[PDB]
Amino acid sequence: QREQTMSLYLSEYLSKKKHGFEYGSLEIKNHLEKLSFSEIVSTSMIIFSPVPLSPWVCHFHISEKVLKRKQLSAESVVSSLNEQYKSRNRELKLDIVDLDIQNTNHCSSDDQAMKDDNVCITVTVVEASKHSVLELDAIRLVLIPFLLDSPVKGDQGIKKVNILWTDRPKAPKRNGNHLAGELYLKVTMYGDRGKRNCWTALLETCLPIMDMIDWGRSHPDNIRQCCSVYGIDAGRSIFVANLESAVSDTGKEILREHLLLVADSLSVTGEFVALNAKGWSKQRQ
Amino acid sequence: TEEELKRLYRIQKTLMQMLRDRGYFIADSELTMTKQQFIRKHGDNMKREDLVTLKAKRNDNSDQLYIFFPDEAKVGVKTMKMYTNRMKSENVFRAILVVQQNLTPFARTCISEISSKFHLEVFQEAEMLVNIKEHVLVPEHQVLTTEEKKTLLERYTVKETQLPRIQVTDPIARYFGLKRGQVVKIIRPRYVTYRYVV
Amino acid sequence: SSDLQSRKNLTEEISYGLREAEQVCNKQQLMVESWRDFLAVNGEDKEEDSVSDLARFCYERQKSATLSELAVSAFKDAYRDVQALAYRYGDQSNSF
Amino acid sequence: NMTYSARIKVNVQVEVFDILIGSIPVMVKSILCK
Amino acid sequence: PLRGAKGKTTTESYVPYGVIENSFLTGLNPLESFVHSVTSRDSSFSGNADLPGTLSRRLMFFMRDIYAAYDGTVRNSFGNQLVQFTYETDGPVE
Amino acid sequence: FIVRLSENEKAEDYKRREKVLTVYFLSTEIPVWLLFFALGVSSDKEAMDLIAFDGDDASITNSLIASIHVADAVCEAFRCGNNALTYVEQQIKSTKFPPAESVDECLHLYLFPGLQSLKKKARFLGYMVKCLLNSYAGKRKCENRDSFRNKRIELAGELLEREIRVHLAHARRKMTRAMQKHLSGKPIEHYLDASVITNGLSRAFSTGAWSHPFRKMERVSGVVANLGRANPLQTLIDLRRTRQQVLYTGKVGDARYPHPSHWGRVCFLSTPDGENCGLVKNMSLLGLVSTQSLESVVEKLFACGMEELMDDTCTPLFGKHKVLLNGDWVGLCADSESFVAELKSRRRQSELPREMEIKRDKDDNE
Amino acid sequence: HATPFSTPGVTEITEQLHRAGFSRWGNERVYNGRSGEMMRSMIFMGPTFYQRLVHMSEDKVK
Amino acid sequence: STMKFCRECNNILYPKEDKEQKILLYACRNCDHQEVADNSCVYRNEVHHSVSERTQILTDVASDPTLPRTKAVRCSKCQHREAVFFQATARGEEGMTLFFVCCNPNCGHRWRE
DNA sequence: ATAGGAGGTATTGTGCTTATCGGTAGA
RNA sequence: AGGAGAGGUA
DNA sequence: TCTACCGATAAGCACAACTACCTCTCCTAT
Ligand SMILES: [Zn+2]
Ligand SMILES: [Zn+2]
Ligand SMILES: [Zn+2]
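Going line by line, the protein sequences match chains V, L, R, A, C, H, B and S.
Read in order, the letters of the first sequence are residues 920 to 969, 975 to 1209 in the entry's author numbering.
Read in order, the letters of the second sequence are residues 3 to 191, 197 to 205 in the entry's author numbering.
Going by the entry's author numbering, the third sequence opens with residue 630, and the numbers climb by one from there.
Read in order, the letters of the fourth sequence are residues 125 to 141, 170 to 186 in the entry's author numbering.
Read in order, the letters of the fifth sequence are residues 775 to 782, 785 to 870 in the entry's author numbering.
Read in order, the letters of the sixth sequence are residues 248 to 432, 437 to 617 in the entry's author numbering.
Going by the entry's author numbering, the seventh sequence opens with residue 988, and the numbers climb by one from there.
Going by the entry's author numbering, the eighth sequence opens with residue 2, and the numbers climb by one from there.
Because the hints were derived from the structure by calculation, they are not lab data.
Heads up, the beta-carbon is just placed ideally off N, CA and C, and yes, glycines get one too.
Since no wrong hints were added, every one of them can be taken at face value.
Taking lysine-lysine pairs in the BS3-like style, the calculated list, with each CA pair at most 30 Å apart, reads:
{"id": "1", "chain 1": "H", "residue 1": "340", "chain 2": "H", "residue 2": "266"}
{"id": "2", "chain 1": "R", "residue 1": "656", "chain 2": "V", "residue 2": "1084"}
{"id": "3", "chain 1": "V", "residue 1": "1110", "chain 2": "L", "residue 2": "135"}
{"id": "4", "chain 1": "H", "residue 1": "595", "chain 2": "C", "residue 2": "780"}
Here are the computed distance ranges between Cβ atoms for each label pair:
{"id": "5", "chain 1": "S", "residue 1": "55", "chain 2": "C", "residue 2": "814", "range": "21 to 27 Å"}
{"id": "6", "chain 1": "S", "residue 1": "52", "chain 2": "H", "residue 2": "300", "range": "18 to 24 Å"}
{"id": "7", "chain 1": "B", "residue 1": "1042", "chain 2": "V", "residue 2": "1179", "range": "37 to 43 Å"}
{"id": "8", "chain 1": "V", "residue 1": "1084", "chain 2": "R", "residue 2": "709", "range": "30 to 36 Å"}
{"id": "9", "chain 1": "H", "residue 1": "300", "chain 2": "A", "residue 2": "128", "range": "55 to 61 Å"}
Using the sequences and the accompanying hints, generate a full structural model.
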């Protein structure tokens, strides 16, 4: 599966503060949401300005209102762009040995003056004493798409995070069952690359906010790979809960023993085999 | 740097919790060590060397496990050979290796070839961030000894193969250090069940 | 209905209930991140814009799926009360 | 239990230096029908 | 919107949403009748009825061998594999 | 004639893979700008004026620039002289089955036969490219297969026509084979077999397998059905039906649902339930199928006020609406409303065929 | 006339039935044929148009 | 993303940079004509997310997310638990303050944190 | 035994088994 | 007697 | 510095795309 739905629960120490759960959930959503640089910038243009610097300096003029709404700053986005450029640097197969980004409140651009409260971001390409980057087509087709796809917030893995309310969670709390209805977050992550597990990447992105997220009840929503993370028993329990939810949605009433027998029969070899012929053959093998 | 320090603190705490669960006589001071105390005892730099320690089983002092932390990621055959030579010199039969990146296929083949003489366990640093055992979904796991396994087999008059199976690659089996041929006892929130490691 | 006057009263009540349900759906359609500035407790001069744009709400609803789900949920919630009028306008001898 | 069709006649000329081609079924009450 | 698009960029797809004020007793308007026919076009085509049959067949193929033993355990017919040591029924007759 | 907008994959490196405009004419894959300049165009500005996008979009300009660069790289000095004509002739001759006609004659008959002039077809190509760019930009909606506005139905004038054509072709092949076998080593009646076509028609009517409209093989089914004599209503409704062929029965799309184009043409409230749910549509009571008109409408159009299309490509159009007759650019009109009103007035006086559709849309300006 | 899109109103039908001498709602008082007692609730009666399908009983016997 | 036709032969011009001239120039390959550039602009595109054309209506891209709802907070005018909470700035205040909107169709009351 | 050119078009949809395609790790 | 194709029932 | 397997990206290949059913028509080259 490419969606790889996750499930995160808030910690119990946030209830002491007034409206602590809402603030914590909003902070987690703000920190763990992918925001592309193209969504903030409005007008991108290349201006001919004339380690030695190369010509064709690119300008990214960004309105201040968007930054205010997103609670960001020009210095912060410049630092994020530099960090992401120095993080991978796998693309851009040309003379981009050095790439420096400068921030200017007002730029010497007389082409248009429609917006007076827009901050301009200057990106300058540096060439190692060569004219291999003198053309405009290469930069326009490679560097401009690269910067627009760079996320200024969140992580590349996380697609979207939504805040939901539930009354019968899949992972009940040990004590304090009197609380009828809690608040949790659902996280969807991209599955473009299968080399690394989505949960593994999610754990690394939550290091600054480990305390806020209650890891004692958080678990992936998937069934197949949940056994590889929390054991076969946790996957069986989540499968039983999902089967009960499906039966309830169907409108029919089914006794518990039938569902338990189904769960035990579909996980007798330590893994949840498929209903196809291959799964049965593997189970018999 | 501080993020790496707190990551290593979390890894050490989870490792100590797992060792205490496995029953290797872990002192309460290490279990109850705070982040500030860990940083104060850490010094200026850890260099992934102070985490190396040797622990012995609570029941028997002869059995001991050595924890090894490589200095750099992407270990090779030479590092594994040095580690197994050190194990042979120190006369230890079990060891836990925590690596930052996935092992070299040649290193994996070397580990598998010498698995009969000594048992080696490999754990990723990302997998140790959150304690698997301390979870609401995970039920209580109890490892049965040889006598209890024989009693269980004789009571139901069943064979080892005629039992529910659990793969070695499952996180619980690696958490408890379960080898092939061992059964476990599971209590669900009561009816109990048993799983055979294969 | 007992007579023609009761039928006319029921028809008018149904029409008003449908209008109220449509208004409730239009109000519920504003629960999006685009109208956070308007939903805040401040001074906004575009209050009449959200009311006079009656023909645009249906077009916006028919284009989005989440908006359609919210609209149908709100319509069901506001139409349960409309359905409840049968017990008031129905006699005890009604076969249905 | 036969086919209600009509024959086709067209002249064919061969040069060096009305024949029958086929029968098309006829719909009832068409341009050619009794 | 019924005339292709409302011209507000040109749309290509829509999610129909209509409210019918009239009832069956009064009489459906031709446009209301068209809307009702579009809404009720579902369940006219029976092509997805194969899903329950296939699912039932596969599940039955998987669970046919399961039977209860004289010892109180639940065992599979293939090799007397132990599925459940004790039946998890909540009573009342064993 | 197909114009396709897609990323360039021929003689293109990794850095340059932007979308370009290509022309698929006789399976030659000719760049659009070379074809534009081959049809009596000698200026980039004139070509841009022909493609009257009338909008400010960066993607369209980038695609046009990429197409121009691709055309320049493919052929050197194509603007000067007639190198574009030589290049397109070479591309045509490179096909597996090239036409027998030369380049000077292929462009007149195999390229827009409706437009006789060699420069008017260039304007038609410019209009087609403009429509494609408008559709890409989202200003113009794309055609849908569910609507009846873009669909036509044939009962007997075309369904039997293709069967007659293929049977006649087979009979001609057999006749020429027999003639070749007999010439080397007889009345004309014995040369032509009179039973092949009759047997083929009998097989088609009995088995019900009809020739595919676009495939020689893979005969379609369900074209010919049997009548029901249980009651006259059954045989009346069987004669009045419409069938749409779908590749697979499990999934069709939006054709199974009613469309606003069905208003007054086919019955949207009655349709068979089952596998062919919505595919078979019963025609309405006031439903008629138009037939081909033998009269010539082009002659009568100029009398109403229509102005002929300009031959020269240099002269632009200010506000003259385009007049299209059966997909052919016949002329131009100054005011569309007065022109259509006059056409309707003439039609209502029995001066025009009674089965004719007049469409006037201000969005497309035609 | 019973034109599908030109159906007469319910009030017109009720008035037409009332002028015929019967109840305006289409229900008439009936008496049980087994005991002769009068039923408490009126029974709706009307000459509807029915059809007979081609599916028979002996055609399905196997 | 800009183009112009030189007056000499009416053909497209491609931008180029000369180290000695140190000024933007436009010349075509069709004819031999170099002309001075204006505003020193070679590319100007407004950033838009209209990439998946004719595809955002069928598949829900979730361009505008829905505001979260909570049931812990209790409304004042009515005794309804469901409410909508979000963060927005005030008229002149700084930072983000939590707001609340009642979900009762008959209430229509909004209050701050 | 012979016969049945050649055309731009206008089913998906899941598993499985290749090839190939670079691609680092070890001596 | 076996097949292929259509219209159909629960 | 040159071997030595070793996971990824397309390209085909193989079943699966529902029960109980009931009628009619057409079919077996030349
Ligand atoms: Zn600037
Ligand atoms: Zn020039
Ligand atoms: Zn309220």
